[PDB]
Amino acid sequence: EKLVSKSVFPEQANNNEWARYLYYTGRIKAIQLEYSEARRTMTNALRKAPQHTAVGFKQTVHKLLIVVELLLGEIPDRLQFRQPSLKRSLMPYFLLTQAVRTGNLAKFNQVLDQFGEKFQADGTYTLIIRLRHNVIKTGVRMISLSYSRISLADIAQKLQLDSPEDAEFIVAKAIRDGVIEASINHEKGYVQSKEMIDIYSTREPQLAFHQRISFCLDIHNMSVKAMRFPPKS
Amino acid sequence: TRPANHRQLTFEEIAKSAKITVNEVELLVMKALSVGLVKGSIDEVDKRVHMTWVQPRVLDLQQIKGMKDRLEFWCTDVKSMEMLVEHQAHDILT
Amino acid sequence: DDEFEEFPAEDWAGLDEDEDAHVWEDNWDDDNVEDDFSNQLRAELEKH
Amino acid sequence: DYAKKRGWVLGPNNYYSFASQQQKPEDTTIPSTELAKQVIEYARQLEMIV
Amino acid sequence: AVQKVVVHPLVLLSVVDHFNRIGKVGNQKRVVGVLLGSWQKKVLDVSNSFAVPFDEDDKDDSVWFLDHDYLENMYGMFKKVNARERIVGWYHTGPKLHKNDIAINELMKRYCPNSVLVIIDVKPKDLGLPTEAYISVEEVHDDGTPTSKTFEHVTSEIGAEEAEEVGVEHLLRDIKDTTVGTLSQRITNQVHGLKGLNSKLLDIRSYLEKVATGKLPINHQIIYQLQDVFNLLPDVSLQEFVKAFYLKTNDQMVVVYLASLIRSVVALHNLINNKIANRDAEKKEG
Numbered sequence: 268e269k270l271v272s273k274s275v276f277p278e279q280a281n282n283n284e285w286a287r288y289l290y291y292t293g294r295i296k297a298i299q300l301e302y303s304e305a306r307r308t309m310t311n312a313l314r315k316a317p318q319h320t321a322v323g324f325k326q327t328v329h330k331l332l333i334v335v336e337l338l339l340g341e342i343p344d345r346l347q348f349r350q351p352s353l354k355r356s357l358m359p360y361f362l363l364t365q366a367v368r369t370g371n372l373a374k375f376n377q378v379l380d381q382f383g384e385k386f387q388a389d390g391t392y393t394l395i396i397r398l399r400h401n402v403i404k405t406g407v408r409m410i411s412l413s414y415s416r417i418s419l420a421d422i423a424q425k426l427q428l429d430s431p432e433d434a435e436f437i438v439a440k441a442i443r444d445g446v447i448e449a450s451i452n453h454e455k456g457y458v459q460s461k462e463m464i465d466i467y468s469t470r471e472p473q474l475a476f477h478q479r480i481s482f483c484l485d486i487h488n489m490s491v492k493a494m495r496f497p498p499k500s
Numbered sequence: 283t284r285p286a287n288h289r290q291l292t293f294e295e296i297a298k299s300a301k302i303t304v305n306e307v308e309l310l311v312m313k314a315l316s317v318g319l320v321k322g323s324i325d326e327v328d329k330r331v332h333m334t335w336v337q338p339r340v341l342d343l344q345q346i347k348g349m350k351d352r353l354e355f356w357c358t359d360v361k362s363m364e365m366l367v368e369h370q371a372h373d374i375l376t
Numbered sequence: 016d017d018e019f020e021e022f023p024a025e026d027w028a029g030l031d032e033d034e035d036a037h038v039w040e041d042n043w044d045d046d047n048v049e050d051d052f053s054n055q056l057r058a059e060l061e062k063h
Numbered sequence: 301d302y303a304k305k306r307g308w309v310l311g312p313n314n315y316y317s318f319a320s321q322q323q324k325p326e327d328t329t330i331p332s333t334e335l336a337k338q339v340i341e342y343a344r345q346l347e348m349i350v
Numbered sequence: 005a006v007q008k009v010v011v012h013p014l015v016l017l018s019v020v021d022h023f024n025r026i027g028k029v030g031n032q033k034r035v036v037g038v039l040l041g042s043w044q045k046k047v048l049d050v051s052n053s054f055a056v057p058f059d060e061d062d063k064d065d066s067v068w069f070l071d072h073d074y075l076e077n078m079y080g081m082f083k084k085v086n087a088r089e090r091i092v093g094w095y096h097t098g099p100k101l102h103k104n105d106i107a108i109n110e111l112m113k114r115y116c117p118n119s120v121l122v123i124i125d126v127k128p129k130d131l132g133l134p135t136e137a138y139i140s141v142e143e144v145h146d147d148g149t150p151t152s153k154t155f156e157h158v159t160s161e162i163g164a165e166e167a168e169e170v171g172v173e174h175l176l177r178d179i180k181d182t183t184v185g186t187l188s189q190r191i192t193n194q195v196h197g198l199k200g201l202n203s204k205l206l207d208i209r210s211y212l213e214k215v216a217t218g219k220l221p222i223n224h225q226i227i228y229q230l231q232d233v234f235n236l237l238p239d240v241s242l243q244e245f246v247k248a249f250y251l252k253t254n255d256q257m258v259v260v261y262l263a264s265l266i267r268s269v270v271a272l273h274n275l276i277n278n279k280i281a282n283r284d285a286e287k288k289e290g
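Residue numbers (the authors' numbering), protein chains in the order written: chain V, 268 to 500; chain a, 283 to 376; chain e, 16 to 63; chain d, 301 to 350; chain Z, 5 to 290.
In silico DSSO-like cross-links for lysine-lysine, where the CA-CA straight-line distance does not exceed 27 Å: (1) V:425 <-> V:440; (2) Z:129 <-> a:361; (3) V:492 <-> V:315; (4) a:361 <-> Z:199; (5) Z:252 <-> d:337; (6) d:337 <-> Z:204.
I should point out that these hints are in silico values taken from the structure, not numbers from a laboratory.
Could you put together the complete structure from these sequences and hints?
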């Protein structure tokens, strides 16, 4: 972590060396607690790898991406799992997600135990353990997305929890983490989700399009620079 | 008198500075607009009124200075941003 | 190319044959076990 | 004492405001100088010889 | 009322030649002549000019001579050469409006009642058009009471026929920068307009200084006009206006972004084609 934080990656490398740097930085973050940046760097890497070869590399990044997203309370998409190059290499993770959605600690324990040595071999076991105590998070994010205001007692009923104070506390910690956007108000006893703000009216669109325009002009300058007219070679 | 930024009166203030009841204020401003003294509108719902412009009125030798100072601010702004444009755009337009 | 031979692929020891090999669209919801929707409607009506 | 240490208003008994509004930033002023520089730079890169 | 007055490059160059010839003759600071042209339903058309001997007393602005007999003779000869052109007004090369102007115009007003005065400065220290047009009208006051004749400014521009355009473009080989692209629409304006606005505001400020310091009297129509000017200035802190400005800037950006994507793809394609051509040339050479 110190080494990476101190040296600077040159901005002109291959696709492959960029992919390797990105994988290692993603792994190092995921091992620490900055999940979101790890997710982002990983997806950049997977989007920068060679298309055809590197079956093992794709396997590596995909399994780590699955684990990190799960750790983030989102649900990774099912499209990949049936891809031929990663079908049988992720069955552990397929069962794992089937478990994380319909959270059943019995099923989570069954799958972790059975496919245990494999997880350890991958080099992730620690993270899947970090998940096992965060299975609730998916449910609370779902409850927030679905409801614009719910009573805390309703949350307790929905999460198969003990007295509604436990759910109260979990929701408060969540909103603290930033996974959900809401505001708790117990004097009536309901957690209230925050409205939707208009992104366009702000200045975000201008910034995004400016960045992309700069990239395009740079592409052009490079492209016309690369030309060599050697007919007088 | 109200500064240009605010210039959004309230019925109650009309009634207190004209010695009229709030109910009969609206006709006063309605007429003022009709004759051609001030342009604007009325907000009966909120009991306010927006005056987009007031008839020109002679000014003494003090408000003349305020207007001149505002013109100085204007000239300074204009030069600043003419310079910004020229400098940032030098290479192309030499 | 720069084949990542450094990284290993998955072992083919077991390589069990495909159970059904269906390829339509997968989709996430298909895993859930529902209760024969008609049955839920009938139970509702019985309970009203 | 702990409430005193933190920045809590200490309202009615067991009633302290956390100021979750965060000032609710709504003011906007149209930052222009940056935008003008951005646009002139687009034009520069567009017309220079590369 | 004249909605617009169009002068022709030949007229401008002829007035400059006139001023050069008299100054070479010397002992003058202004020149006076006529202007020939026609009308196109309120869109004037000045097309030609000739001289008219004139002299003035600089010290007192009530002595002047203008040989109107010369004007009539020259009108005869020019009308013999070109019938389609009739007197339209008169011009003079003094920097800014003089006091005699109403006197001369009332003299000229016999030859053309709808006579417009066109001043052609021959030494432009500014960034703006070289001509100013003025039409004499009666002005009735609410308090200024006596009704005099004051000049009302009317829009003016420069226009040319194909022959004049050809000639001027030929002579303009002393400097030339077309770059119709963004370079022109950013040198011809933005900078130019800001410079002109600054100069105008500075003139207003000089006059305001002079009035405030007592060097002049107070004029009430000017004060009312300036109050209206300051009342027009918009406010840029209204959420509605900020919202609208951002919306429109965003649309403009999406279009420029698409344009740049297009350009990048085309340049890459050109690089690929050049690379393939080089490779083929090498393989054939090897």
